[PDB]
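Below you will find one chain, with nothing else, as structure tokens; this is the form deposited in one PDB entry, and questions on how it binds or moves follow later.
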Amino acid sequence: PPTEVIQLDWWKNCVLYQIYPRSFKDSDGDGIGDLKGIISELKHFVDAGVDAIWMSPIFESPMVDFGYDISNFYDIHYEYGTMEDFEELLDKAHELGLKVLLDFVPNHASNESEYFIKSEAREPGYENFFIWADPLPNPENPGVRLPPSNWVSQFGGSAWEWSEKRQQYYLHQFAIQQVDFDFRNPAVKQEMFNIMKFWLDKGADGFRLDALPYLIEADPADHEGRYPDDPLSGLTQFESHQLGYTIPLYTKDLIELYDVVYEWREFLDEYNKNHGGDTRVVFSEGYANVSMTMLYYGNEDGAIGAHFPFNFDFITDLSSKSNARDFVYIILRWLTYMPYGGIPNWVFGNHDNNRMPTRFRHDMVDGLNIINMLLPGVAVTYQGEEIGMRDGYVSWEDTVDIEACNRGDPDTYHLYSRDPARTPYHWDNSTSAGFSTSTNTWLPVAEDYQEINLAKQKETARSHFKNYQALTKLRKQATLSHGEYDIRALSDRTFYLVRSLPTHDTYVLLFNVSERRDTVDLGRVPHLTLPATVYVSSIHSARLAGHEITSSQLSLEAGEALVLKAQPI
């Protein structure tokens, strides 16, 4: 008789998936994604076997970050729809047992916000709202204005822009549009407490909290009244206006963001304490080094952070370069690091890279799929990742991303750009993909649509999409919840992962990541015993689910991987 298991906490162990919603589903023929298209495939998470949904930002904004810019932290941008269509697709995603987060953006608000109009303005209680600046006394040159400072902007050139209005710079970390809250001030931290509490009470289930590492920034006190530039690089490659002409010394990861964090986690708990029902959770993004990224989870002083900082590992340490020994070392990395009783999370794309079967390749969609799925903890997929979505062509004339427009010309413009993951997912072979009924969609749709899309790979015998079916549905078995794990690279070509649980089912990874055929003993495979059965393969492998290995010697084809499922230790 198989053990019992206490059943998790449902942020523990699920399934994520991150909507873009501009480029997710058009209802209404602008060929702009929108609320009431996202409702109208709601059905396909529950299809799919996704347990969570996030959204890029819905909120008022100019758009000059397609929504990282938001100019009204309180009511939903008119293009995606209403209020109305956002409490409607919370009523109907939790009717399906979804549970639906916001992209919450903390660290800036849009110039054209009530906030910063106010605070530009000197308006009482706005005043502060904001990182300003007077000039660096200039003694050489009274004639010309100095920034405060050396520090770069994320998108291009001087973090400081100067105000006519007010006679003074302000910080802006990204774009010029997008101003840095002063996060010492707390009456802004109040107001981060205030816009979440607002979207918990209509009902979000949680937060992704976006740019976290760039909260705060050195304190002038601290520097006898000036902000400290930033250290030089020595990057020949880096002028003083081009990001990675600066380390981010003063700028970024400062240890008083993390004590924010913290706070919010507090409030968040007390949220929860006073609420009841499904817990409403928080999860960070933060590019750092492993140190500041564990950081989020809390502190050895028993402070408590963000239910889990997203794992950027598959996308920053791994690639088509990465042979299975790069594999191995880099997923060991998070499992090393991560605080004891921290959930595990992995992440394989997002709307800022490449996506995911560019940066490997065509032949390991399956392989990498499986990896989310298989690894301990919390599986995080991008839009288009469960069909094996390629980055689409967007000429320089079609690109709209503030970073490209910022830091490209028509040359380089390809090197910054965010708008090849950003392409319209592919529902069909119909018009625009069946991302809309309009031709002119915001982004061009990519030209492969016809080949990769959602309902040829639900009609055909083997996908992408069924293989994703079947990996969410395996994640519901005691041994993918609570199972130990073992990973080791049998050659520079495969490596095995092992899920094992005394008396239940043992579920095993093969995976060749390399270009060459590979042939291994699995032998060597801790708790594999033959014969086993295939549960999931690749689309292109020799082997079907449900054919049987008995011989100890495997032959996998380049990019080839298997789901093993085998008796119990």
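Residue numbers count along the first chain shown, from 1. We call the rigid core the largest set of C-alpha positions that still match within 1.5 Å between the two forms. Compared with the form deposited in another entry:
- Looking at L415, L96, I255, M83 after a core superposition between these two forms, you find that only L415 has a C-alpha shift of 2 Å or more.
- Here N194 does not count as shifted, since its C-alpha moves by less than 2 Å between these two forms after the core is aligned.
- With the core held fixed, the Cα of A121 is displaced between these two forms by less than 2 Å.
- The Cα position of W396 differs by 2 Å or more between these two forms after fitting on the rigid core.
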Second form
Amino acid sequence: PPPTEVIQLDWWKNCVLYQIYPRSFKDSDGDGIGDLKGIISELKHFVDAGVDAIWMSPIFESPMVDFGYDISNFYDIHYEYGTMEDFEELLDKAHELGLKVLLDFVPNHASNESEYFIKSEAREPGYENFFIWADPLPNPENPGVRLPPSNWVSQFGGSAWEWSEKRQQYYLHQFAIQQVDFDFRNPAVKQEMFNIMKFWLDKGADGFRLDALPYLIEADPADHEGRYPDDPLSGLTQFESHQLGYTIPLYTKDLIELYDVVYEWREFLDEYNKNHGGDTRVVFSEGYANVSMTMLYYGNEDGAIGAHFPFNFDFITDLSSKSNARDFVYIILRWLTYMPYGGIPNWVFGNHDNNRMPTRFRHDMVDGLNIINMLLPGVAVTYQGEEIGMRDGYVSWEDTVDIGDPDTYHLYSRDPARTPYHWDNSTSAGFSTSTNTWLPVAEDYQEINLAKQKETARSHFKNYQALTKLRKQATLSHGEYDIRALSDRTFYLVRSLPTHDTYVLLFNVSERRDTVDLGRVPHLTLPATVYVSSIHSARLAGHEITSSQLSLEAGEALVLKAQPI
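Alternative state: the form deposited in another entry, after the form deposited in one PDB entry:
So it's only the chain below, everything else dropped.
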């Protein structure tokens, strides 16, 4: 039978999406700080890797109190990364190479150094109600003691309420004292979010990653007898009143009203896309919430449509070095079971807030984990360095940028996952001409670097390239999936599609060898051909699997190419 024809998917439905951490990608100007001209000089890497889309962690004007998540001007670039001109050059050169470029910002809050906040604190007309401003809770017992409006706890610990001496009122900060929560019931705030997005789309951005969406909306005092209602207490003895966990965020997180804002953002993008043509512009949402609240980002049963997808953090929250093959299967099945019909699945192993993939799992698992990301249906999300198996870097107390004491600092710091990218075995691993990098270069850069992996016959990077290339096959863009564990140690993932080749992942996620009966794997006729193997596998690409009995070493993964069903 001739292979069936498939309808082309819109780019966002099956893109390889790469998270750039711009501070650590490429320093062009010898200051030891990654920058936009650096990213521009290495756009060819994305084409070479088979990446379709890049997003950058925030690069907007920022006092850098929360390392760029505290945005003071939503319409300009942070000077350390370059200029608006550099950003426009990045869009031009990326688009010339066929890449999509997404911007990351946080709708929930602005820097207290934003003009929005300066003007709002000063009660300037049109800005007075831009943020959540509240009087103290009346204290007729001790009128000399000022009470905050409610017991709400910041994500950073302490009160979510900060006193303004100038305004003689409290403002809400769900995050840092310097990150002020916008009032999303203010039409002027909703308009300003449309204005920010329109500005960047007009420059040519292909879409946005929007952070902290669960925190957008808090209880309306109108619904609680004119006061901000206390969050219910967790009743968990390990948390005091100043500690995150003391409260259940009933009135401060996952309010149904936040989804109406998201659906409004999707309506705005759909209208923008209709009125401009070219490549669909998208929003990918970030929110840590239960499965029900996560899936409401896609849309609802009443037919509302939201984010092109909410990010899937299940591999970060629910898989670990302790996970066995049955855990891998059951967690993979959660998104695929709960996602609404027609939703696009996405998969994430890493970001700048977590241990790097081989450090969080094991060094021998890098290839199998990259295969899972690339072979599951939908969108593969790669964190900078995963394509070469970068490990966490050693960072000393004295070299720490993410500052609590010299003995315990390593339990808190996210710096080890943010060390400069290993291009090669040149000075500072080719990240910089300078030895004075903003974080130290990991000690293993001479063993683990991109240039070496391109030179050597087998490598993480070559496996990454073979997998992004495989995603062009109809079986991966349009094929069904079947996933089950064969043992506590080994699971299979089968992509199949009538008249098209079958692709099978077999992955021993354990620390011991395992033998499995390939007769148990659906749609796998033998002999089959090894398409990809883990760098430590005895089997090379092109190796024939002929026996139904297969021994997999600890961490060993194979992708088999088998005849069509």
